[PDB]
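Protein chains: 4
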Amino acid sequence: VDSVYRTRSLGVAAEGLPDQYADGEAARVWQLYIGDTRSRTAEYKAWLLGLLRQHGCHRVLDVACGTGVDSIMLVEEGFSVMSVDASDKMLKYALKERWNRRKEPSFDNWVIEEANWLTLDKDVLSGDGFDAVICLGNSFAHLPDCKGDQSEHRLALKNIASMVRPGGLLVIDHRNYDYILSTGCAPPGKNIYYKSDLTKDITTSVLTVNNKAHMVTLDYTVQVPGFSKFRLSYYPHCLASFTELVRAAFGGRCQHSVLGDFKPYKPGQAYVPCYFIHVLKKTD
Amino acid sequence: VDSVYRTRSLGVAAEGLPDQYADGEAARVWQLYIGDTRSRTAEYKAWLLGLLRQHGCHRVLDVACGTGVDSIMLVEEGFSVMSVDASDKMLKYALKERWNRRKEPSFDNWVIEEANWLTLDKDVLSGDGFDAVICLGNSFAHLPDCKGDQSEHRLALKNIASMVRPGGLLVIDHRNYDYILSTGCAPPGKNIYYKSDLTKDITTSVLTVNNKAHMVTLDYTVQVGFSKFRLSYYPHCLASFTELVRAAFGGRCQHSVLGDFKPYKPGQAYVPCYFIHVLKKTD
Amino acid sequence: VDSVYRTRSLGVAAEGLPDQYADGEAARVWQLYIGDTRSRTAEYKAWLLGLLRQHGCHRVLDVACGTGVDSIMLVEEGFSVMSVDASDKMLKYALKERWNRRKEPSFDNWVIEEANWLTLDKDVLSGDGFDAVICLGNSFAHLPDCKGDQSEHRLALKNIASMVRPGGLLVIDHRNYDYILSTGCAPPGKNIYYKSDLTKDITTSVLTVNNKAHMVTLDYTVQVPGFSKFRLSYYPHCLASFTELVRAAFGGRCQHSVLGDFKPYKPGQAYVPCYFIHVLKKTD
Amino acid sequence: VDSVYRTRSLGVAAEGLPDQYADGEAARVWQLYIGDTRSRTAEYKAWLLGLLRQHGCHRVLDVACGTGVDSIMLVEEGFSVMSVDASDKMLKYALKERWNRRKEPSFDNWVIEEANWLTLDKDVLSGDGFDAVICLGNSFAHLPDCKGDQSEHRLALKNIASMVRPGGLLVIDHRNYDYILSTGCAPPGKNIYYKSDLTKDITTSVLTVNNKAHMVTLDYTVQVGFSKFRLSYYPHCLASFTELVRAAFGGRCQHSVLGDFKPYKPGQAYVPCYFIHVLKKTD
Numbered sequence: 001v002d003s004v005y006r007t008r009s010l011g012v013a014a015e016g017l018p019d020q021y022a023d024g025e026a027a028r029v030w031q032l033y034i035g036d037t038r039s040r041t042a043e044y045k046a047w048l049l050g051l052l053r054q055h056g057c058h059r060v061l062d063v064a065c066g067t068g069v070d071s072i073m074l075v076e077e078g079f080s081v082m083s084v085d086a087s088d089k090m091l092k093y094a095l096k097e098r099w100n101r102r103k104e105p106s107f108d109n110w111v112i113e114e115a116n117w118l119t120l121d122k123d124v125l126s127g128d129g130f131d132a133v134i135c136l137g138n139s140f141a142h143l144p145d146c147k148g149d150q151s152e153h154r155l156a157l158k159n160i161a162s163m164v165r166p167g168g169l170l171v172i173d174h175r176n177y178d179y180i181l182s183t184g185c186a187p188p189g190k191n192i193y194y195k196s197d198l199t200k201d202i203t204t205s206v207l208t209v210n211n212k213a214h215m216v217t218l219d220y221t222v223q224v225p234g235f236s237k238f239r240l241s242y243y244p245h246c247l248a249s250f251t252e253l254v255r256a257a258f259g260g261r262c263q264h265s266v267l268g269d270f271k272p273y274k275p276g277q278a279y280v281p282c283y284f285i286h287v288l289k290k291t292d
Numbered sequence: 001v002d003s004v005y006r007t008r009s010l011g012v013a014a015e016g017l018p019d020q021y022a023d024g025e026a027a028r029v030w031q032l033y034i035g036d037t038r039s040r041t042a043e044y045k046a047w048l049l050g051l052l053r054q055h056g057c058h059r060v061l062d063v064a065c066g067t068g069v070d071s072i073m074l075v076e077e078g079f080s081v082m083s084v085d086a087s088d089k090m091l092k093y094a095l096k097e098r099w100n101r102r103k104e105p106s107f108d109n110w111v112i113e114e115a116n117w118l119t120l121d122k123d124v125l126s127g128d129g130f131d132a133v134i135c136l137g138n139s140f141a142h143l144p145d146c147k148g149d150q151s152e153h154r155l156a157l158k159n160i161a162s163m164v165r166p167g168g169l170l171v172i173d174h175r176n177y178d179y180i181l182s183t184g185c186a187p188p189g190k191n192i193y194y195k196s197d198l199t200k201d202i203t204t205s206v207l208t209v210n211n212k213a214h215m216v217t218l219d220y221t222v223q224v234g235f236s237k238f239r240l241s242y243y244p245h246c247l248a249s250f251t252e253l254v255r256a257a258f259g260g261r262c263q264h265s266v267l268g269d270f271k272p273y274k275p276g277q278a279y280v281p282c283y284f285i286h287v288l289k290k291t292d
Numbered sequence: 001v002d003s004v005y006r007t008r009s010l011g012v013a014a015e016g017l018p019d020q021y022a023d024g025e026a027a028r029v030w031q032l033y034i035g036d037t038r039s040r041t042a043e044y045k046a047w048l049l050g051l052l053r054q055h056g057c058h059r060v061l062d063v064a065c066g067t068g069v070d071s072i073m074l075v076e077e078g079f080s081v082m083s084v085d086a087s088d089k090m091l092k093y094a095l096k097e098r099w100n101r102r103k104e105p106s107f108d109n110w111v112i113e114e115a116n117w118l119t120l121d122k123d124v125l126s127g128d129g130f131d132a133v134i135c136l137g138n139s140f141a142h143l144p145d146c147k148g149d150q151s152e153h154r155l156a157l158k159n160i161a162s163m164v165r166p167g168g169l170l171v172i173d174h175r176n177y178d179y180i181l182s183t184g185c186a187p188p189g190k191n192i193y194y195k196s197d198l199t200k201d202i203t204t205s206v207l208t209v210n211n212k213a214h215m216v217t218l219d220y221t222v223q224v225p234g235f236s237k238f239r240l241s242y243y244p245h246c247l248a249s250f251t252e253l254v255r256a257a258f259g260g261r262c263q264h265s266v267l268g269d270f271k272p273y274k275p276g277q278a279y280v281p282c283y284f285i286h287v288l289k290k291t292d
Numbered sequence: 001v002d003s004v005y006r007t008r009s010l011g012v013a014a015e016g017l018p019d020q021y022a023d024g025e026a027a028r029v030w031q032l033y034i035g036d037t038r039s040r041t042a043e044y045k046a047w048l049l050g051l052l053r054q055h056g057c058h059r060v061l062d063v064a065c066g067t068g069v070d071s072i073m074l075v076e077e078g079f080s081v082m083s084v085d086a087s088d089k090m091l092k093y094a095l096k097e098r099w100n101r102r103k104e105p106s107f108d109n110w111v112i113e114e115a116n117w118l119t120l121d122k123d124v125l126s127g128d129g130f131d132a133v134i135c136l137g138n139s140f141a142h143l144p145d146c147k148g149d150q151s152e153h154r155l156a157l158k159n160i161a162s163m164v165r166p167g168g169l170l171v172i173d174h175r176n177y178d179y180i181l182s183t184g185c186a187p188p189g190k191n192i193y194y195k196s197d198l199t200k201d202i203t204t205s206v207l208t209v210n211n212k213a214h215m216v217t218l219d220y221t222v223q224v234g235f236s237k238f239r240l241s242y243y244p245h246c247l248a249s250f251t252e253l254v255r256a257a258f259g260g261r262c263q264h265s266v267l268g269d270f271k272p273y274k275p276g277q278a279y280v281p282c283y284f285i286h287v288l289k290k291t292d
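Here the protein sequences come in this chain order: B, A, B' and A'. A prime marks a further copy of an entry chain.
Under the entry's author numbering, the letters of the first sequence match residues 1 to 225, 234 to 292, in that order.
Under the entry's author numbering, the letters of the second sequence match residues 1 to 224, 234 to 292, in that order.
Under the entry's author numbering, the letters of the third sequence match residues 1 to 225, 234 to 292, in that order.
Under the entry's author numbering, the letters of the fourth sequence match residues 1 to 224, 234 to 292, in that order.
Calculated from the structure, these hints are not laboratory results.
C-beta atoms are modelled at their ideal positions from N, C-alpha and C, and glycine is treated no differently.
Some clues are possibly wrong.
Partial list, derived from the structure: chain A residues whose beta carbon lies under 8 Å from chain B [said to hold, decoys possible]: (1) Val12; (2) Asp19; (3) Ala26; (4) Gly66; (5) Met90; (6) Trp99; (7) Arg102; (8) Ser139; (9) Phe235; (10) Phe238; (11) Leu240; (12) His264.
The following block holds chain B by itself, in its conformation from the complex:
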């Protein structure tokens, strides 16, 4: 018999009613988690603001923009910023803060739109390109290897990369997964961008498929006014592999450096970085 009746389809919405799982438990802890960006680190403000300024970057695209924190600063410092993301749940908060602050011209002129790394080319009229494209805070890693061959990773970078104007920069990052795969632990409270305020506990689960590392899945355990859980997954980009992927994205025509945590990275140095930042420039 074993059918499966449902009161509404997965994905739809009705007017008096909270959507899908929006009122649930994981969702409400996870809303604390993403709203955990109040102290932006001064080091990071210094570094990115100085990276852009140093290369004369003024037109910037923030791909994977989230609630928009990184973008809010860019906007604040007089940049010209377009911000995209594929997730409405997070874009809601960019959109919100933008309305909230609509009187400010800098912010009236802020563009927030939906777009998807896999279709980025058709989803953002790039014009003759952007000065900087930033994808920070380790979000590229949310893109999973569904097809098995990393062809998606490849297309996502190719698309992102193509957003970048000649002589422009792509500033893209990932957690040091080399280390995570090594300790088998993804340390909490190590976010170099926004020092975290939530006290939170973390179990790390690593899936290895036919002896190639395939997923890191983090289950967070947070305290409220309470012990609530939620789970997120990541693709573990070892530093070599990502280096290759991202280079190939521009064909090969690039200046390419890779940062420690904002300081440079000499392979075999005593200090172990928590993130690797890839700053890429182009051709001509």
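Fit chains A, B' and A' to the supplied structure of chain B, relying on the hints for placement.
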């Protein structure tokens, strides 16, 4: 062993990524369905616009507001409109149009906020009260009877009703479910508010529990192509609803019930598609 | 990302380990429910035993046989009985009691096999047919209308019917759904075959599709050493509709009567039967 | 609203009807997989048959017995065999063959009953104790570490072990997971017991939690056609298991560990596919 590993929890989102089921098939047809409000009927414009005007309503709250089309009109016609809904996916579009139309003052002054019928009291600083409260297009019926006794229907109306300022109006509606339950079929394209544009086909599934009707589930099956989604409804019979909604003000009210915009005399020839309930407060 | 990892596939089994949901709650109440056949009613023993004997039936097939209670009696009274069912979970108990009682020749000679109404023809070498085919206790109604047109109902009966030898009988039954659709209540403790011993409570849920009755779904609430629940669904066969279906099954070449509860049925009689039993004979 | 109506509960069955997922795709390939025991290896016949015989074992309990192939041999060779498993779907087939072969006495006297490692004590009137207890073909590994501390592994062995009569044997095995965890790959067709017949292809997924290996999940992908199923395993490393299984007798034991049937000297050239643990009791 029968454990169930997931890659993310139900209800969360990550940045590079489309949410949960937003990219799926039923979601895309259903997006067609709710964006199917281009021709608002002139009859409806006339009626509601005239309802509010003859009772001197200016401060109106659109409970369950959706993409916000009713609200867009009220705004446009120089009303002072606050619109709430509990659904982000829907509110997105009111929010969207609003931004889109942000250089018009009438619109800069539009308020769109999240709120839930069951917590509507502590969700909307109601002030003195609102002039009119509209809940149109049959959305009250989206609230299901989960507990089994309709206590939630009751609270929902009580909260809504309390949003209404003394001598003010509640304008709330439901499909003619009495009929729907007589025929067993919910006819397609009878939406008296927004003349539908979409060649759509409908399967009506009625659930009856211990002999009490309990749910209408509609399977909309749409030409894009040949795709489907399903929505469900609590079937309010006219009496039941009239009782519920009256009691919501305790009982201090001027209660009339509309056909489709024209009055309703029980036993009249014409069978209405919707029942509109226009209420005012006496204490 | 929203994949869905699983430790084993739906439907498989591993050796140290209880199957799928077999240890769960609904399963354990429901095991009480099906094992609720200790007092077989004397009236029913009298009637069926006398139906078969009256028509000289000795080779009988019990299609949809369950734990095998009806079959156990047939076997006990010196009948020659083949019993089939499509469900291993229930056939386990027929099989069990058959081993348990293996010394008895009557029972050594009991045949229990798997077969499916929809493929019954290929699933049971019918030989030149059976004398009686019994499908009692309202199990035909477990067969749902998945395709929407009742073509399955039609094929299931056609197949069952074809099991019946020329001049033989088909003895098939259904709950009075006419009444159930009417009261909207499926009364508990009304089983005319095995008087029930479990004290149990019942919520009736009727699904009507485009104004045609489509499902009755019963949620049972039982007491143990405890208040445990479980749910079963049924196709509501109104008496006219089933009459038609079953007749057409033999093409039309039949004697056809329909019983009250074991007594005859004159439409419009004061007594409202809880089951309708259809006794069919054939051609020549 | 997001309720989930079902037509029957998980775990029940109705009569005209195939159960739950029994007719589905993965179930049919997997039925091929477990019925893939036709050629038992002659080496294995020899070994186990010889193991029991030199230690004068006659009363043997096949814990986790499955379709019952190991058991069918023991029976055939005139042993006195009781076989348990917690899985109906598997037991069906032991039960089946048994009935099929019921006119042979050796078989009429075969006992097949349901029992669960975690409740094995109060599940099997153990009498004085069994001569041998076999749990072969790597089935202990099907018991997962649900609680997180391996306390269930521990109880399971304790119960099993207690089935063993003083001076009697426990013969229990596991794949070489140490290797599996070194390479990351679980090679196909290394089953030392039953020479596989089925051209099958395998994807090895290892789960590591806070740095401790936690699960092997195997995706078998079979030529019938091109279908799939998945099974999971707790990877017992040799030390861990040796510890677990020793402790199960408290510590009163004669413990040896086999290569694939030949002894095992740690650091030897040959890397075994399975580890067989033959234990006896001293008090």
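Comparing the hints with the structure gives:
no.	hint	result
1	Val12	4 Å, holds
2	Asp19	5 Å, holds
3	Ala26	4 Å, holds
4	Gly66	5 Å, holds
5	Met90	5 Å, holds
6	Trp99	7 Å, holds
7	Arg102	7 Å, holds
8	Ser139	4 Å, holds
9	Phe235	15 Å, violated
10	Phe238	4 Å, holds
11	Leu240	6 Å, holds
12	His264	22 Å, violated
Consistency with the previously given hints fails for numbers 9, 12, ordered from lowest to highest.
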